[PDB]
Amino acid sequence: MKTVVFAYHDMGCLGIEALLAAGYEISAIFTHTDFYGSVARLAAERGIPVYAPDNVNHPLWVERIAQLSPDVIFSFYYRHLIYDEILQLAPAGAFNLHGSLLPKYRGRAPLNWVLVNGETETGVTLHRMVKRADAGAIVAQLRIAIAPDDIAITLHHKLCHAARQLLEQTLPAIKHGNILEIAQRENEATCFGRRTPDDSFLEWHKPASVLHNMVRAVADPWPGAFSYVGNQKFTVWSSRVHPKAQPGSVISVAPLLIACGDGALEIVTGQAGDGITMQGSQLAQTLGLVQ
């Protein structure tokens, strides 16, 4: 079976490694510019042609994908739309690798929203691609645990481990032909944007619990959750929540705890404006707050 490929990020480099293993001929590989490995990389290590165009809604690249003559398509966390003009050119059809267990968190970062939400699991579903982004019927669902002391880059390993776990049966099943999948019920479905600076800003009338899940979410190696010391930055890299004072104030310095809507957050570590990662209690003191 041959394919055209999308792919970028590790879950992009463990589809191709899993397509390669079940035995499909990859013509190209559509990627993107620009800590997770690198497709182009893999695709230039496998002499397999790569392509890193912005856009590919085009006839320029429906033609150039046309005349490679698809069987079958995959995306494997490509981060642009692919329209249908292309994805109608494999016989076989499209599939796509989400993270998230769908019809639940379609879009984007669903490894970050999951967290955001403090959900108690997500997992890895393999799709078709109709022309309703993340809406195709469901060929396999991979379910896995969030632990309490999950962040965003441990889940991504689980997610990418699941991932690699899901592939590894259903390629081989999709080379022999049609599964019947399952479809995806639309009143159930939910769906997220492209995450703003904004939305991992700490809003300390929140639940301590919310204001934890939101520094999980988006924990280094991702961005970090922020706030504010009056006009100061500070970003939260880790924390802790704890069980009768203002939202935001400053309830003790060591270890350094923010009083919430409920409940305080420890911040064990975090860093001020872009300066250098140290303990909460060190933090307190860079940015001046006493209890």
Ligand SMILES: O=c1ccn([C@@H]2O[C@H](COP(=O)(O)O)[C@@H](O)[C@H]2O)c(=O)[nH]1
Given for the second form:
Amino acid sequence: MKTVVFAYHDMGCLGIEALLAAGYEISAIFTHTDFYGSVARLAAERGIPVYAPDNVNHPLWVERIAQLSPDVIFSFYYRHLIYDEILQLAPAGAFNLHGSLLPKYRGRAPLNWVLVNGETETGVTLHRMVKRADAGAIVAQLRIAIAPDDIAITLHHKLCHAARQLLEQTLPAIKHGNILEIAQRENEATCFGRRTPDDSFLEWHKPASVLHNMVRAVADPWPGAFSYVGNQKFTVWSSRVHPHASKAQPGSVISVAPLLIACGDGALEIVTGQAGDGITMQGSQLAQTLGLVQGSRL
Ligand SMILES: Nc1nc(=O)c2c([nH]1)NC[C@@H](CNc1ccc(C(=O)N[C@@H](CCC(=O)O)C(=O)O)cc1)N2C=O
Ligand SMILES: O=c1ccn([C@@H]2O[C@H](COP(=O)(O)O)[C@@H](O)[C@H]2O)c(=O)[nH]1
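For comparison with the form solved without uridine-5'-monophosphate, kindly provide the form solved in complex with uridine-5'-monophosphate.
Below is the whole assembly, all chains and molecules, this chain first.
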């Protein structure tokens, strides 16, 4: 079974590895220009031609892919929609690996959004690729738990592990044409967009648990959840929830050692953070750096 693969980052690398282990012949990999593994370096080491056009949806790339005669196409965290002109070239179709429990969390950054939203489970889905992103029939799915202390990077690794398992289990079935698919239930679908560093703003009126989830969702090496002291941005890199009710106004500094901020329900301890583009520091030092005192209002 011959394939053309669209791949990026760690999911891209493990998808390529899984295909090679399952005995697929990879004729070409399409990727993007740049902590993640490099699909291009993997392709190069494996002797596979690799290409990173900004937009693969060009007549000449369509023609080129056609000339490679793929049986099947895979996408493993390729970022750009691939037009029907390309997808229809492969007689056995096209499959994508998405990092959520479709039909929930279609779209961008499902790793981060499930954390933002306080989910206790997520998963990986392999589905047929169709014109609408993340919307085609499901062929395999694997559910995993999100632990209360998971952060983006730790959940990322768990999703990668799950993807490897799912692919190892499923790729042989595709190769042999055993491949039941079930349509997604559109009434159950949810979809999320690209996140910017700004979508990680901490709003202190929210429950401490919700703010904690935001901190986890974009913890290092993601860009971090943030607030301000006047013109001074600061990032909360790690936190802990103090569930006890405070009579303090949301955003009030309850204490500076440890740095504890009243929320809409409970309080949030800022365990580590940074002021602006300065270095990471413990919360008590951050408090001093920012000029906060007990009773300061954020
Ligand atoms: N045909 C096809 N189907 C897919 O499911 C699929 C591909 N291609 N290619 C790789 C990838 C692309 N996934 C996505 C996911 C979301 C958007 C999206 O919502 N785009 C918005 C907003 C701008 C943006 O985020 O790019 C839009 O209005 O198009 C696009 C592509 N993908 C499966 O992962
Ligand atoms: O919750 C998120 C998820 C991603 N990004 C940004 O989205 C881009 C895509 O990230 P990759 O998807 O991590 O490249 C990067 O600039 C990344 O920092 C955020 O700001 N917040």
